[PDB]
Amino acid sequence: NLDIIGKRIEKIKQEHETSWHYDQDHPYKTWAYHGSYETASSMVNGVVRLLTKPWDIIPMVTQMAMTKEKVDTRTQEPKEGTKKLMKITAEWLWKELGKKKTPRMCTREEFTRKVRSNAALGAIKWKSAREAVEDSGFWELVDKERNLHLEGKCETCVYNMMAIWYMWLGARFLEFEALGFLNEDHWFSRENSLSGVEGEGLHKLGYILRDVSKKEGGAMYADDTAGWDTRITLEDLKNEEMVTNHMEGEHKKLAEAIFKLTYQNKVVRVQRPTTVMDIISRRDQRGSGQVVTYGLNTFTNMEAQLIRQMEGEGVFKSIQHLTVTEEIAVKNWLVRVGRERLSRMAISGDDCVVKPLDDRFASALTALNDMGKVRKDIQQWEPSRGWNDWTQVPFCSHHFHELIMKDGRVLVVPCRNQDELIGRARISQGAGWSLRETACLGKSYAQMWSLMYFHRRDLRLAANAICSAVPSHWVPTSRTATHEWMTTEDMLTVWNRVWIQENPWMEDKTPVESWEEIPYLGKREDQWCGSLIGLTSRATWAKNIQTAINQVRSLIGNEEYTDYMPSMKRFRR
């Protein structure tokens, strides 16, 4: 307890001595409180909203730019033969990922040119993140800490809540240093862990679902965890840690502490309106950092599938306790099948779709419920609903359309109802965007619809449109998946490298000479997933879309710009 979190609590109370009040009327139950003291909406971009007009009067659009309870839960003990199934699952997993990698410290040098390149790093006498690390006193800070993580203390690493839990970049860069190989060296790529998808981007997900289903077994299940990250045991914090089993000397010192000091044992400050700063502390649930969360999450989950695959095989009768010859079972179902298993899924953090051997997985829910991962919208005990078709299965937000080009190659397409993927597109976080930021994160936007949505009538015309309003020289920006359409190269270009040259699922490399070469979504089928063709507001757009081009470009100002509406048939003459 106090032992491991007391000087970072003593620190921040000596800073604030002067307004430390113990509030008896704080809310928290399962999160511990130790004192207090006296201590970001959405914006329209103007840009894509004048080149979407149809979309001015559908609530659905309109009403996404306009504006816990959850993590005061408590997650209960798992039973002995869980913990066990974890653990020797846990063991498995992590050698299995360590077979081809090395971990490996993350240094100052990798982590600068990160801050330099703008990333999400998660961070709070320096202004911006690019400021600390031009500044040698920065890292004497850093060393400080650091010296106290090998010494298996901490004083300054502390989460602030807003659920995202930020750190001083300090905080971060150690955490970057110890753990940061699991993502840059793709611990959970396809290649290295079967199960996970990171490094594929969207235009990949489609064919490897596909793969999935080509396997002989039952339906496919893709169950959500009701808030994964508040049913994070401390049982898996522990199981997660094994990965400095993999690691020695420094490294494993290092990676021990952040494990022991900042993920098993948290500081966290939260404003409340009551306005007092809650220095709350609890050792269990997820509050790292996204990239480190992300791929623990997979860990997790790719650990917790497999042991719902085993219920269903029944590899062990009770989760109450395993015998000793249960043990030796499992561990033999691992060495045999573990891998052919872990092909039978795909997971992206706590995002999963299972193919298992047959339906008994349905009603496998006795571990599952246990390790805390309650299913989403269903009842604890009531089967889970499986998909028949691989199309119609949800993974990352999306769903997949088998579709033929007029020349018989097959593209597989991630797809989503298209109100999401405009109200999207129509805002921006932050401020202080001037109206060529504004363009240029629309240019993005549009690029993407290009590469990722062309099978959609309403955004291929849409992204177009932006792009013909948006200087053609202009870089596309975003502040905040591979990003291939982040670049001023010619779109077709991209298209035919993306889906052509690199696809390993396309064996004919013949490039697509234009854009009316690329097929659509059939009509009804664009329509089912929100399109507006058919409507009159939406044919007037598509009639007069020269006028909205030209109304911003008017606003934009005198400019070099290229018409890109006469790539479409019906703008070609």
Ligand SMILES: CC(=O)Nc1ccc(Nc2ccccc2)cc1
The other form holds:
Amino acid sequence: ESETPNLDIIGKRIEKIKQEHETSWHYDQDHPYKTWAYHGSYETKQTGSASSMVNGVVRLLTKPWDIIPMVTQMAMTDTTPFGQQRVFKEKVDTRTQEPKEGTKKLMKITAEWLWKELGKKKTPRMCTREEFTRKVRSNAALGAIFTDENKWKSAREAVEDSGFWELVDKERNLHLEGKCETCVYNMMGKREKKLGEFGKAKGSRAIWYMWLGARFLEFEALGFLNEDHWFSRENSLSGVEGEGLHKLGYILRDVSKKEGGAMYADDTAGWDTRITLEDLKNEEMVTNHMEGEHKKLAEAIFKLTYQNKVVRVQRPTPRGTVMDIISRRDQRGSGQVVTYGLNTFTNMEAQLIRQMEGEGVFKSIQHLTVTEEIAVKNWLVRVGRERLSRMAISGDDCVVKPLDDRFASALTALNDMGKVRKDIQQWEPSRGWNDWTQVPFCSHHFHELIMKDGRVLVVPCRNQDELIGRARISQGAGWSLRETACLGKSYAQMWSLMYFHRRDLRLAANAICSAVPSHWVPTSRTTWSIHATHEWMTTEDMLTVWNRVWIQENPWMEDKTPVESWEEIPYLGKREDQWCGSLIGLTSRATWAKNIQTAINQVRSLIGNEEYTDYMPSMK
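Having seen the form solved in complex with the named molecule, can you show the form solved without the named molecule?
Next comes a single chain, given without company.
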């Protein structure tokens, strides 16, 4: 299970790091790395956090959930080097057994077919520095590894300096030689909100980012997959790139119209970690569709920086905090320019193969019969593009409506490819949904909503406890009321646009809007401006948003007749609202709703003497 570094590929980098840190370079033999080649360590200062901050306005306005642990245990993640290392031991420090011969044959035939179909109406191309210069956020991370690279205070200042692009040229000229001297990953813990356990916040995932020079070189050679929308639903059939979250239910309802079995949406456990060097090499086949200088640069990124990664990660130790130089050949580095696009690719390929195994196209990994190989190639030819349309795929999240239900029990290939399902035994047959409105996708399910007009909407919907929990906490420490009042309204605005159809969220949302100064306009998470005459985001121009998104711009809404009142906008049926976590019918909820003006007036008085508006007469 040990990792075999190629020191002819990653060797010059590890050395350059060493040289810049000679006063501290040691070789800890207490290093915990069981499946990653460890190369050294040196001293460094801890970054990260594990605190969470209370949004007082929302917590005061959501009292019935105080008693609900699925709300109240929500916290920010632990991104300290402790939190990272736990995540590392649990998820990133693992090995996937190389797939069997049959599997590798299935994967290559399917990868090669896929790129030819993705390339029928697109052509790979280099991206431009001007293109990079316009896209990059101005405060995106510099991520400098070497001292030659730590000259700028922002990415904007950097891409407007000749000396930045001189560095980029030095590595660019190496890449065209087949060598790499400077592309090293940084590491951090994903800052997000997770349910805690036993009074401890938990880390979530790893985030790997190279420096801004390297990130351009990625973008130069592979950005075209994103910039030219290769994984659009139009181009790839299976993808859903570019569609927002509210529109995804419409994409699912269509998929459901196909004749087939149940609808399956099995999560893969730690997808990025389970990406194998075979995967990494099937993904590289896109270079077969490239040319000239472009082909060399794309090969350089793939072999020297994706299939040969030098990662630089923090580990707590008794003698302060240290920084390990570790290296892995396989795995997707979360934060590579190709993360979203190439997870969609490989997942498309995976599910297809799983579709094939259910249909009988091949009977066993380890061995692909000369005859069977012909049947696979002819199955893609015959039905492959249709099989792709039976799927909705967003990176590793996927929904597959297969031909029959033998899909559920077709798992030899999926497991051998390393794509182990989460929360189910390796060979436990799969759970499948016969009602598309209950299929999870991009952390939601989707309800068909009949309007008072008779028109139908499809709307996103999740367990309420999940949404209230997240509105009630925030980045930071301690408690806050004024500093996160506009943040509460932001959440309220989201509840009214996406989840207007949950009684509790629309009530809570009008409450938060009523309790927050109406003339305050957010300038950051914790700062704002005050306009003397204008209110911000009134219940009327909230309704303008609801129309603009759900009627005017909704391509599944042929009748563009607006709604004139918030009372026109319907709700889910009570039993469904209840099923999806609503508190109606509980006694705590009734009291909360009756005395809601009393709690609004508390928050008002706690905030101070500002200007307020009642958003509640939208529900009478």
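Just so we're on the same page, rigid core means the largest C-alpha set that superposes within 1.5 Å between forms. Numbering follows the first chain given and starts at 1.
- Core superposition between the two forms leaves every listed residue (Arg497, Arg108, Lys84, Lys253) with a C-alpha shift below 2 angstroms except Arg497.
- In the core-superposed comparison between the two forms, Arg49 has its Cα shifted by at least 2 Å.
- Core-superposed comparison between the two forms: the C-alpha position of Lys355 differs by less than 2 Å.
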